[PDB]
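We begin with a single chain expressed as structure tokens, specifically the form deposited in one PDB entry.
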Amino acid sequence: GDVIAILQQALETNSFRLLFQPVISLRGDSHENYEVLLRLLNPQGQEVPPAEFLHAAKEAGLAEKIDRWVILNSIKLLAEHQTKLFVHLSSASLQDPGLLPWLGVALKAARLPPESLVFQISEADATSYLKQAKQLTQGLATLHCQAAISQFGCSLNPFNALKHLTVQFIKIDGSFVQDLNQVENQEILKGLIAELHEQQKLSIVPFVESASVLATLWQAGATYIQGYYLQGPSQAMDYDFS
């Protein structure tokens, strides 16, 4: 239609919804972690997935505003439990010199505890905008936020990026848990996890949709898992982590 007109209006009328998908600790950590996922609410009140609007938003100069809406609301809902939220950043926000100054004031205004937010950057974006990702993640550390790289492991030399960035969590690409009946894929997954741990990064493995995969990941040493098998995205944070 005019997705752009709809987005412009949505940003001014709270016509978005946050969903939450729990991230589960396998090694005894007590935080109640959730990933925040965004849905646009169309004029009929239906949830529309990021695939249908984030691209057009960025091209129309709206991506930073969408990220600020998500972050502002995450900070709020959080404030309302040892909860930690994983929040996505678009590439536009990576490049935005105003993000850090604004985030600093936004955190203080809600009186948010340290280590409450983890900002997620895709591997592709971390690599494409390496200098900006370096600066942003260093700044996040100064503000006592954490950071993560998601969709990890698909670039030619995925570990090189970590030489430059300040990140505590690494969320590997969902492709790595497909076809785990093949021993080659088991070995690839195990090696990836092992190398992340050598680098003292916490591994998160998503797309867990089966007991065999859950068990394989647990034996491979993954520090956290996520997937429909545990719980899909929901409007409420009521997962039983205990």
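C-alpha atoms forming the largest set that superposes within 1.5 Å between two forms make up the rigid core. Residue numbers count along the first chain shown, from 1. First, how it differs from the form deposited in another entry.
Just one residue from the list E47, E195, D179, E187 crosses the 2 Å line for C-alpha shift between these two forms on a rigid core fit, and it is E47. After superposition on the rigid core, displacement of the C-alpha of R68 between these two forms stays below 2 Å.
Taking 2 Å as the criterion, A57 counts as shifted between these two forms: its C-alpha moves by at least this amount when the rigid core is aligned.
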Contents of the next structure:
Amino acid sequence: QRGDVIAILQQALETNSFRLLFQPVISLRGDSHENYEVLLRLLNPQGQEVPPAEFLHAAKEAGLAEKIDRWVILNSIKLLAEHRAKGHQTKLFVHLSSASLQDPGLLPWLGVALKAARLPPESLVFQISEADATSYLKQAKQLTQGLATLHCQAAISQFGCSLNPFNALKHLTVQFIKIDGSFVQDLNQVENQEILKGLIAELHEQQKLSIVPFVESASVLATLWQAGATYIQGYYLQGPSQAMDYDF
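The form deposited in another entry is what I want next, because the block you gave corresponds to the form deposited in one PDB entry; please supply it.
Next up is only this chain, free of partner chains and other molecules.
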């Protein structure tokens, strides 16, 4: 039970052997939109099961990651056109890797891609880890302006771990801030409640829309109400499915 996972990814792109899942994002302060996060899984060569963490790790590798990011975008748009066509007012969050964020030719590739899609506006929100972009701050700035231009949105995920996390946002064009898992633990404790309240209040003072992930029970879901959260995500609401079939 083993294999070169690089080669497996390279030969998965070669053959379009991937799938996309959709994990809805749920509005606590109104949004007409159907928001889903796009997640990626690998269709395994027949016997082999590539463990997810090892898969994701491999797919961050420079020059594999760009190709992969592009497959997701491309196919994300393809499906997104099939879907909205149904009259559906839908919006997809897509991940971008560190590599992609660095890749000067991305906004170009994306423009041409989006034309061929005749894709509705403000339907794509691009998502960047706070680490990738606290690091590549200038490339993230170029990219998020670039993205406004195309009538696209942008989000920082895993927000609030870094030193002074509000600083990087003075420099970006992002509407959403998906808070880090670490803030959504042991919420039954006040200090953790309070910590999450303040974090969320400051994002609101900065006119960002907060997204709180990892809602794993009904209770936490209440605390996120009084905390001010704008959106939530998790398995208690819905897990990642092959279809954008959530009843909002």
